[PDB]
Amino acid sequence: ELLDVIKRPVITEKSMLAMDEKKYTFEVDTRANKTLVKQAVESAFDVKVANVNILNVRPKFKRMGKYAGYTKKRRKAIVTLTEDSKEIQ
Amino acid sequence: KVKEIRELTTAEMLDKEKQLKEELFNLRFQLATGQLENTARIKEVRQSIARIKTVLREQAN
Amino acid sequence: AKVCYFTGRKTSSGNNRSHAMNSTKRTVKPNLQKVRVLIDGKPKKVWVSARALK
RNA sequence: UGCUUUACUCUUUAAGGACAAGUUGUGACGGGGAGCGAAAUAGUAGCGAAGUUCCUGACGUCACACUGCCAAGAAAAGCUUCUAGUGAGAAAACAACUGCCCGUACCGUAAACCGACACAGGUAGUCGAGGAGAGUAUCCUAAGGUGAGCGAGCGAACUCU
RNA sequence: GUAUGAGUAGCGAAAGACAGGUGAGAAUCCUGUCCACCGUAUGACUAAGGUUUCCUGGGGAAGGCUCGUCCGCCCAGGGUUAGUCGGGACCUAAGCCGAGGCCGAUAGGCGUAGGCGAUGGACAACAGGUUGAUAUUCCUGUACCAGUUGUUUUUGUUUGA
RNA sequence: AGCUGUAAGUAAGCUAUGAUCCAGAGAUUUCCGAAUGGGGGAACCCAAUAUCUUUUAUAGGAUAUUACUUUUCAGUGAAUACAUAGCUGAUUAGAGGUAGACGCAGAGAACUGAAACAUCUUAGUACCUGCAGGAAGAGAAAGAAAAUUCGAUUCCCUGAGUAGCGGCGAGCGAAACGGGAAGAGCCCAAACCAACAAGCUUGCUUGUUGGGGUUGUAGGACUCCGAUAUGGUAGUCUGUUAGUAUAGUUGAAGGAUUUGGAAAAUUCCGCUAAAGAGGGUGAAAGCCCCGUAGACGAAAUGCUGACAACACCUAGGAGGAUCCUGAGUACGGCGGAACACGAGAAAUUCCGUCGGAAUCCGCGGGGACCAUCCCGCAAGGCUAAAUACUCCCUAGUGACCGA
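Chains A, B and C supply the protein sequences, listed in that same order.
Basically the UniProt record's numbering = 1-based index in the first sequence + 1.
Basically the UniProt record's numbering = 1-based index in the second sequence + 1.
Basically the UniProt record's numbering = 1-based index in the third sequence + 1.
Rather than coming from a laboratory, the hints here were simulated on the basis of the structure.
Treat each hint with caution, since some may be false.
Stated by the list, open to error - Chain A is nowhere near these chain B residues, computed Cβ spacing over 12 Å in every case: (1) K2; (2) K4; (3) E8; (4) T11; (5) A12; (6) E13; (7) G35; (8) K44; (9) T55; (10) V56; (11) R58; (12) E59.
Said to hold, decoys possible - Below are the DSBU-like pairs computed for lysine-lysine, each with C-alpha atoms no more than 35 Å apart in a straight line: (13) A:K35 to B:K2; (14) C:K43 to C:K30; (15) B:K22 to A:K49; (16) B:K44 to A:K77; (17) B:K44 to A:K23.
For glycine and all other residues, C-beta sits at the position ideal for the given N, C-alpha and C.
Model the full structure from these sequences, guided by the hints.
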């Protein structure tokens, strides 16, 4: 489907340091591979090689009103480049 | 606004679906960077995709 | 020795009395024999009761 | 032509074959370092001397290597050949690219595991320094880490050590 | 639900003292100084097991056998990057499931071929630096394995290629 | 004419082009689970074959198919020649869940009672297991009776705690006549006649169709005449209309004063009723609201009837030479169960084993057995209603409960 891979960019305090070395932090959906993220980024922003990295997240608790319940799963994606930028963000 | 959608040949249907996918992706990224007074434009894009897919299932018998 | 290929004979149970009518539980089984017969032209081996070998 | 095996003739301090810890260079103009130390919120950023000789020396490694004993001491794949075999022609060389899924925080002789507890109990494996010392024994100590989650006074009986 | 016992028994093995902080409040929080305890362990790394307790900034109603400005507690954000590590895309031992099949009132029981199954085999990366938390994963330097394109010394698939 | 659930907050929006909402039809529907490509510690991992894709190319992505068994047909096929195992492909059906309920079967306890306990009872109950259906089961006399008879089954009252059974102890316990509910009867096998095939005994033997035929007063074949009509259905997911179920529309009539924070309370004077059931509103309302009586209404999808079509199915009378009328069946011995009936003087029904009949001049039954009389045709099938239950859906009711 090639366009529902990436959801959001991760804007955090480590990620702003990663913006210096052309490294970007996205939230990729589950059941996705490294190679799809290459293909989706390259067909979404005209950028290139130098492999993605992919994490996972275990959920947590919150207790708003005496009702215990989890949060989601996640999957980050930390993508490095060769020669371009994404000065949108 | 479905009357506009039933007028169109099957190629232009697919072109409008691809344009709606691109606009939905840009609305996601503009949510994440803290923008967009218009947040209720998102339902329009999803439901327009839904209406186009139901119409393309209808004219495919 | 489970059932008959032809009739409906099969094992069952019933009582057992002895001279002052105490009751236990038996198994009364049919006489059964393995005979080589002809099913549909092809020879087969199957259990056949000794009653239906007359 | 691989492999097994019988019968005969040579050869043996040999020749051939197989394995092998660990040494010297390069890797390495590099980072590593006792101490000095700022311009500002910093022992920070930044700056560096020497790599010597003798003694003791490992069941760690060669390696289940060697000798002895009887209680006589797992499998299958990866690997190497030889043919059956399908069956243009790849085979070195250099350059440039490709390499998927899951676990990686933290505690882990414990306040985070098993004991209802922030419990004098239990928890498999590896490293485990010095003086004396056979030694991981005992007494005091290095690297390190701790000072116990109620106290202040008095200094009787009585009970415990 | 509330009394009596009764403001009694107990506060779960250990060495602290002073100065200066912060603060409405301090033996019990932070900083400094000396003293003291273990040191085949009260030190370092890991396998299970636990499942966010870890890091940063705030809070004191309840938990902490007292106190508490503090915490493994509460609120709010944020951290767990791999061709080489361990497991899968490789192999099997105990055991289990077992097409057909052999038995058996139904239910079902037992087993060939084939499989599943690590505690065992076989298998390509080392040194340093970096952060508030990750580091054989990030970057710095030098490597290795399996391949794909682009260039560079041979044809009867006979096969000696 | 307001709207964006629970539910406050703000941000953004939508609607007279009729939103939100209500009703009937559609479309989409991730992953696990009988789980079905292979594996598995469920919501995970790894494949094969075709086709389309990104990249110069390999790795990458998508779609469809690939379990097992039998029932039908192909092709392939050998220990062994002939064909049978076997293999491969296509085809048909199954496989699991409930509603903790009602039904039919297989297998089947103990405490307890007898003031102990063995036969007996608890009790063919609880539990397990297979099989279904909206109901199931049984069903058209080898019957009930005993004069004068009656004609499929099931369910209810009565017979009656009677006749009976029982260490004749504790106890167990019917049936027929009689009155009601509801009503319904059908189809094969056999003998015989052709057409096919094989053996062509070229005897007429077997198999396949088509006819024929279904009974006790015996009936049918077979012959002879006839007639060649009449009449019913438990059938179609065929039509045309009627009704109904799933959203709805309309629907009468009151003011003022006093006490009130607030009136529906109170007091004068009125009105309505095919509506004086109920609920809400600032305290108790026929006249404030939602409704009730009454009248009206379905584009769409079911469901029920009616009558058209279409499918079926069905004849008289006489003759009595010959032929047919359900076989290892009925029945007997031996061992057990069912019937109220515990082997007792024990028929009638099954089950296991071993013996083993007749063919209308025949056979079975009338509570051992014989003779006479009477009533009936077994060993092949199908069958609506009258009856039992409620996970659920709608509309209600209660000298039922009120933390």
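Against the structure, the hints come out as follows:
1. Listed as a non-interface residue, B:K2 keeps its Cβ farther than 12 Å from every Cβ of chain A; the least gap is roughly 24 Å.
2. For B:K4, the condition that its CB be more than 12 Å from all CB atoms of chain A holds, with the nearest at approximately 28 Å.
3. No Cβ of chain A approaches the Cβ of B:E8 within 12 Å, the least distance being about 26 Å, so the stated non-interface status holds.
4. Every Cβ of chain A is farther than 12 Å from the Cβ of B:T11; the closest lies at roughly 20 Å, confirming the non-interface assignment.
5. Its beta-carbon lying about 19 Å from the closest one in chain A, B:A12 satisfies the requirement of being farther than 12 Å from that chain.
6. The Cβ of B:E13 lies farther than 12 Å from every Cβ of chain A, with a closest approach of about 19 Å, so its non-interface assignment holds.
7. A Cβ of chain A approaches the Cβ of B:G35 within 12 Å, the least distance being about 9 Å, so the stated non-interface status is violated.
8. With a cut of 12 Å on Cβ distances, B:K44 stays outside the contact zone with chain A, its closest approach being about 17 Å.
9. For B:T55, the shortest C-beta to C-beta distance to chain A comes to about 19 Å, beyond the 12 Å cut-off, and the non-interface label holds.
10. For B:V56, the non-interface assignment is confirmed: its Cβ lies about 20 Å from the closest Cβ of chain A, beyond the 12 Å cut-off.
11. Every C-beta of chain A lies more than 12 Å from that of B:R58, the closest at about 18 Å, which supports listing it as non-interface.
12. In this structure B:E59 is separated from chain A by more than 12 Å, as the shortest Cβ-Cβ distance comes to about 23 Å.
13. At roughly 40 Å between alpha-carbon atoms, A:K35 and B:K2 are farther apart than 35 Å, so this suggested pair is violated.
14. Between C:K43 and C:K30, the direct Cα distance comes to roughly 29 Å. Compliance with the 35 Å bound is thereby established for this hinted pair.
15. Simply put, B:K22 and A:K49 have alpha-carbon atoms about 23 Å apart, close enough for the 35 Å limit, and the pair holds.
16. Distance restraint check for B:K44 and A:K77: the Cα-Cα separation of roughly 26 Å lies within the 35 Å cut-off, and the hinted pair is therefore satisfied.
17. With a C-alpha separation of about 33 Å, the suggested pair B:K44 and A:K23 falls inside the 35 Å cut-off, and the hint holds.
Hint check: violations occur at hints 7 and 13; the rest are consistent with the structure.
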